[PDB]
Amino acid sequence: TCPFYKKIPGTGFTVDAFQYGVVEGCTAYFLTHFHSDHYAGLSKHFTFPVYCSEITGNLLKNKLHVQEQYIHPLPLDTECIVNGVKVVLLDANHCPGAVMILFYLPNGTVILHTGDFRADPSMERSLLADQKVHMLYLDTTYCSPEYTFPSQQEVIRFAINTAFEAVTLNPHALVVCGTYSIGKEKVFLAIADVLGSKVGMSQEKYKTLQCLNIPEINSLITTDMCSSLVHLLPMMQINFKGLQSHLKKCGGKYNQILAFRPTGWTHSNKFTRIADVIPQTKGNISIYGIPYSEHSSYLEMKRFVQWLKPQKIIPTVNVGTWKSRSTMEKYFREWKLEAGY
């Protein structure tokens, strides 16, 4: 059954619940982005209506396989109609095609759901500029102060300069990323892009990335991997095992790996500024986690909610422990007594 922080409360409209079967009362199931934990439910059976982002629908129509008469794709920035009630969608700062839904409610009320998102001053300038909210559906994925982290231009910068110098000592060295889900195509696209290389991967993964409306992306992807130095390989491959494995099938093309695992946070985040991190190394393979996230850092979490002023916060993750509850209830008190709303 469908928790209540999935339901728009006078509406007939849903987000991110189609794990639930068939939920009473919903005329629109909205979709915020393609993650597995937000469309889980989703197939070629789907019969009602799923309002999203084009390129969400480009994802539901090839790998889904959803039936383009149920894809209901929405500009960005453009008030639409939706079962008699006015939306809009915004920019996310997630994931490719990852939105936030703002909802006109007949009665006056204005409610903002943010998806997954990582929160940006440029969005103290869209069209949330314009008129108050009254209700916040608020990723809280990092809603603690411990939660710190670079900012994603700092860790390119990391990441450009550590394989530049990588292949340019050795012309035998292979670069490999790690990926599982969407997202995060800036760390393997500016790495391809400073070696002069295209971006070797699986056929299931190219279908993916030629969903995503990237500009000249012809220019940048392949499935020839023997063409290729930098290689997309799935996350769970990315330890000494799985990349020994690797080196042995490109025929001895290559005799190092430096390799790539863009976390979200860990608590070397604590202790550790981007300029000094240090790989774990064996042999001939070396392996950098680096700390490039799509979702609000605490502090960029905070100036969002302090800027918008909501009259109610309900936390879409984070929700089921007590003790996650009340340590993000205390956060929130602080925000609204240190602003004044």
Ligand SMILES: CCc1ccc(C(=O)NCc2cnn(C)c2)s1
Second form
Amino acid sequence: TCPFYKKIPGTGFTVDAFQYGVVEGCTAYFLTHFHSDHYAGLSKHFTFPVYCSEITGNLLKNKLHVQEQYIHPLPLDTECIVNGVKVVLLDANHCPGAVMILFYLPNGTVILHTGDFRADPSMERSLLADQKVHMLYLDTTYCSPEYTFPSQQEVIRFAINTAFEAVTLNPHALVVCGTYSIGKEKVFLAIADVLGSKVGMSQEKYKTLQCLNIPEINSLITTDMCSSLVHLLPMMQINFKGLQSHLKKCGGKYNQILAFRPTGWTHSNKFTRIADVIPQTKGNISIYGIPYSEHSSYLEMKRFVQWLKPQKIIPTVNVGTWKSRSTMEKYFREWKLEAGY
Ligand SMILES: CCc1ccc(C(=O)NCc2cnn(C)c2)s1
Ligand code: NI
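Now that the form deposited without this ligand has been shown, please provide the structure of the form deposited with this ligand bound.
Full assembly next; the chain just shown is listed first.
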């Protein structure tokens, strides 16, 4: 059963609704981005039209093996007609190929679905500035004031400086970065750049990165592990056991590992500043957890919503508990009363 918050009223459209079988009345299935909770249910045997970005479409074709005839890529920032309804895709500032969708209903209603997003003031000068939005389907992942984290720029600065210092002190140190999905590519690309190395990785991850339209990508990544001093591994292997085991496989080339685990928010953020972050260490292995977020902080979310002034908000995350729903509704009312809409 498809839940109400994945349906677009007055249309034959659903958003990120691939795990409910054939949805009654659905003429087009939109996919905001290539993350498993959102594409859950898509496969090579899917036979309905899928609307998405060019990058998302590359991944559907190459990773999930969806047939080309059912993939409908749309350009960003461009008015398009889909089954008689005007739509626009906007960059979501999430992972590569992630979009927000503007729907212009035949009756005059305007709906924005953010997908997953990290709100930014640059969105206030997109095609959103042009008109009123009546309903907002909002990524509420971190909709509570305790959720603070630094900018992506500050986090990258910390990681670059940390890696460069360690490897300059010890040329036989290896840097390892964890991953379990697309997104957060800047972490490992920025580190490899400062160290004058390509990033080494599995054939499967290399394949995924080749779908993302990153400029000069052939210059930045490789499957030849031996030529590389920045390696990518599955997030599950970023622990003392997993990393000891990996060091053994490198054949006495290295005698130290420095590893990074990009997480979302962690309770550590309430106490410590990014400058003061320290690793967990065991012998010749150190592990840094760094708060690189691709979702809005509470303050970023509040600013976007108070700017947009929607008439109704429909949360799409943390909808499963009454306590969550009650908390989110209280903040929406606070924001409205403070700003005056
Ligand atoms: C509470 C959230 C809303 C959903 C749609 C709204 C709206 O007013 N749309 C324009 C419009 C005017 N007349 N008709 C029929 C639609 S308000
Ligand atoms: Ni996501």
